[PDB]
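Hey, can you work out the whole structure from these sequences and the hints?
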Amino acid sequence: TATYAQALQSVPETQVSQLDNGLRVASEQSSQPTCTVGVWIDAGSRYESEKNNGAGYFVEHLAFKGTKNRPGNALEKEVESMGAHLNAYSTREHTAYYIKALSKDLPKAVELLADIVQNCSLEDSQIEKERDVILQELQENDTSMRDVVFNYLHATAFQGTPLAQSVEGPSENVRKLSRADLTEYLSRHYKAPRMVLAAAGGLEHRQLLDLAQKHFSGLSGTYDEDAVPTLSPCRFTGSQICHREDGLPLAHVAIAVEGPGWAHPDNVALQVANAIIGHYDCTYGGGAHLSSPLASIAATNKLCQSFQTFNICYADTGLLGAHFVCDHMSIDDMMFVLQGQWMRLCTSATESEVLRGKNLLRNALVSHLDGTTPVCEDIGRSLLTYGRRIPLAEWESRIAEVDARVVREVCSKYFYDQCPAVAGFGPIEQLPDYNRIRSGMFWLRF
Amino acid sequence: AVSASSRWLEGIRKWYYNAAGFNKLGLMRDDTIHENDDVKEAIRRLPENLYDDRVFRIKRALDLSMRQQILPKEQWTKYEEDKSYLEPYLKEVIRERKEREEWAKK
Amino acid sequence: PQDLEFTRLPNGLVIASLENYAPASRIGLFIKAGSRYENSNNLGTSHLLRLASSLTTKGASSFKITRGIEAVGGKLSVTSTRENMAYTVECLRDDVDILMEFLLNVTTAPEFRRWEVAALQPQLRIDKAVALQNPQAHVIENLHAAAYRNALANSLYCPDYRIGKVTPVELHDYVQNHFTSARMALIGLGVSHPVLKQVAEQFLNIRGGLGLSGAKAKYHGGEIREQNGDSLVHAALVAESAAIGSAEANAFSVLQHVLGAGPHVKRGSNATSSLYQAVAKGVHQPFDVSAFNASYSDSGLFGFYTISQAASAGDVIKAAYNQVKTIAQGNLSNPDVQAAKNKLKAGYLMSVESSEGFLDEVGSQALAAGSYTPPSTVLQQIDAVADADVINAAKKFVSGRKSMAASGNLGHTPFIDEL
Amino acid sequence: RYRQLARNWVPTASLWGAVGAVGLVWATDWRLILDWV
Amino acid sequence: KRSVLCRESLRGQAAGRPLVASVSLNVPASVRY
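Chains as they are written, first to last, in the entry's author numbering: chain A, 1 to 446; chain R, 5 to 110; chain B, 21 to 439; chain V, 9 to 45; chain I, 46 to 78.
Errors might be hidden in some of the hints.
Stated by the list, open to error - Computed beta-carbon distance windows for the label pairs: (1) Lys102(R) x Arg389(A): 43 to 53 Å; (2) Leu250(A) x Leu399(B): 41 to 51 Å; (3) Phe435(B) x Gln126(A): 32 to 42 Å; (4) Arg445(A) x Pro92(R): 40 to 50 Å; (5) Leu250(A) x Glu246(B): 19 to 29 Å; (6) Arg47(I) x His328(A): 18 to 28 Å; (7) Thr183(A) x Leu399(B): 38 to 48 Å; (8) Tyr416(A) x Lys102(R): 28 to 38 Å; (9) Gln196(B) x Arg47(I): 40 to 50 Å.
Note that these hints are calculated values from the structure, not bench results. Built from N, CA and C at the ideal position, the CB exists for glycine as well.
Okay, structure coming up:
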């Protein structure tokens, strides 16, 4: 026998460790076969200037194509030889490269990763080859309404800020981009303490720490002169950005209220809140019986195709809201139910309801952590986000303090009387007038 | 402790059903129901046979009403043949909605 | 701490359990009913069954079932393949009992009401529609229906003409014949085996022999071609692989990887992938291609998949073939087999590095063998493959009845006689 | 039973009603009610 | 529909035990290999 709480407390704690330069070393042990070592660098798209708006993201196509040590296809081959998959993901705040591989392969694993981060053999040929690729990716991204809309959203809520630029970057900055500029980019942002070397699985922390190739460090200040925030608050202006194309079959809407940074007591309570509204698709087995009203209504009345609430969390900014793709004649009804849900939430939450969302959260938060890759990302990203804590067991506690009053007061800070950030990609012809959406965040009637 | 009462109760019931226009009309007690939201969903759940039948009997009924004529003595609905065919369906529908209501308390 | 614990009953149903440390437990009843269990008159009933898992059953109304799991933040997944149908059930340690009594109703007490089953019907189209968005699904599907004749050539997704015609008796009959004791395997990731058994004993004792659907295997070379308007064209080329959990099979798997091109690197190109290299050299700039490898109880399918443009279709297609011909001509050096191997080994391990992964792997094995083979042993088996063996298996593709399925503008797609 | 479900509204509901009732009278400015303040 | 123009293509099917495994869950839904 064993009970949830118990299990929680028993989980393998994460060991945070540091090199002389600030290289951060973390790791969760399990003495299991596979391992996923990763280096989670935290210089993203929000550091880029207007020109290098897509720099970072361009580095990421060269990351895996040569080191002065390992030229043309020597990374992949070796990676292929190793049998460990190698992925590179890039966010507006966080670039990361990781390897998946047999636990016995750490030796050449961590070597490889380290190698990758530092030496990247980038010739004019590779730059001009990547350009063509990028430009083609961009064209492909335009074919994705969800991706088109979610950018939009960020550009309008972040209008007039470095944060509102596409990680993919501006079309023509890809063309223009000077070869010298990737260097400065890397040079200036790849310097730990930014970086974290994380990992999970069957390894011994001790050895990870040691294994870290101590080759280059943070070439930065020892004093406050550095303290000028590179992480300067970003205005999250409330506007809307409607982009009507009656040629497309369905309609994308992403509506938001600005939210907390990464770290905040309100920030878990919110999640419990979106537990309640939930998320929904054409294929959900429960339709009409789902316990989330937007879900039931939608299910019942063929109101939408798929809808999902989100909490986007950034240091000094946050995007909260949901997003629904609906026929052209259903935009308004969907807008009505959702906002409706919000309001109800901050005035009328019932303990029942909050308690169910509570529990949902736990699961969401436990099940994600199943597998090696997943644990590695949490550990890496956790360190630049929330700093060097791994709030895993805390969660349940924090989640536990949840009350129907807690959830109600926490929701009304961020959604009530607050001005929305609304983007669509029409048929938006029926999409609610900015003032209508606005008045939906307060309760006279409806 | 209902022996005499049950028989007596049964006796009272036949007279009301026979007495009622529904028996005379030829539409079974179930077709006389007030069509409301629960009845409505039970109706929808009926088999083609069961269901089409209700449509004809109400068809024949509303036709008689329109003409003010009663059906022949030979062709009437006899109490002993109480097809409570709606009942089954109707029950659940309510059953399901009671549950839903109850699940919504807290 | 405690390793799994299988147990075959008198009925013949398998059950396993692993009290893990962490907070999340997940049951999964895998019933042996795949899509291969339907006939011409029964096609599309697994599909509907898959989608009817929240309908009223004997002890639990559709409402209770869904609001119930919501209550507690659980998820109920009903996954199926051509051979099996896993009924997954996740939830919090403390709530497994509330949840299990749901899985049991859903699976042993289904009550397919004319009215309820009728509402669903339309969901089939919606479901089919979304899954047919990925060329992979319709081609892959078309592949199975051309290469087989009778059982495994039945697709997962209801045939357009059947949709509204899937009757209640049909569902009730499929459950009855296939959702039975001999074909079932319980599997827990965070439950007590002692208490699991009890329950298994109390609720999973139903009789039903195999093949009341019409079990049997057979391979038949054929080509299904779907013309489109899309620039890109997909096509599969496949011949009878070796069977499930057999040496030949395993061999194939290892050969698969020698050519197999599932990128291990984001934005990265394979240097390892022979197919990719060979294809690449004779091919244009934009293209993509991968080794395909399927294995089922009573036959397999091995061969490759291509994604070219309209006028490259052939070039790619042949190029791929030629290269796989090379290995069958004998040309294959030791260095590459060992890399392959280690690639595969790595893969399998990662595959089971997750709860969901593990729970599938376990159940899966339950239905095939009747026990749980540990990873290590697994790993040994793959290693045993001979560098020749690989070639030998590859010989078989080139000298095995061909069966292909393509989509897109097919001006430049080789036919059987073309290659 | 019912009150617990509507408790949040009860507090919020109570405030709106008092405000609404007082406001109408205040806009209305009936003399008898006002005399008391 | 997602444009498939570049080198990025990396889809082709072949797993260990599972092959072309389709999931339908009460909450989520998908198609793997």
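Hints, one by one, checked against the model:
no.: 1; hint: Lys102(R) x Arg389(A): 43 to 53 Å; in the structure: holds, 48 Å
no.: 2; hint: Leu250(A) x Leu399(B): 41 to 51 Å; in the structure: holds, 47 Å
no.: 3; hint: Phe435(B) x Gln126(A): 32 to 42 Å; in the structure: holds, 40 Å
no.: 4; hint: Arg445(A) x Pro92(R): 40 to 50 Å; in the structure: holds, 42 Å
no.: 5; hint: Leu250(A) x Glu246(B): 19 to 29 Å; in the structure: holds, 25 Å
no.: 6; hint: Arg47(I) x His328(A): 18 to 28 Å; in the structure: holds, 22 Å
no.: 7; hint: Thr183(A) x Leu399(B): 38 to 48 Å; in the structure: holds, 44 Å
no.: 8; hint: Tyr416(A) x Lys102(R): 28 to 38 Å; in the structure: holds, 35 Å
no.: 9; hint: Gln196(B) x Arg47(I): 40 to 50 Å; in the structure: holds, 42 Å
Checked against the numbered hints above, the structure breaks none of them.
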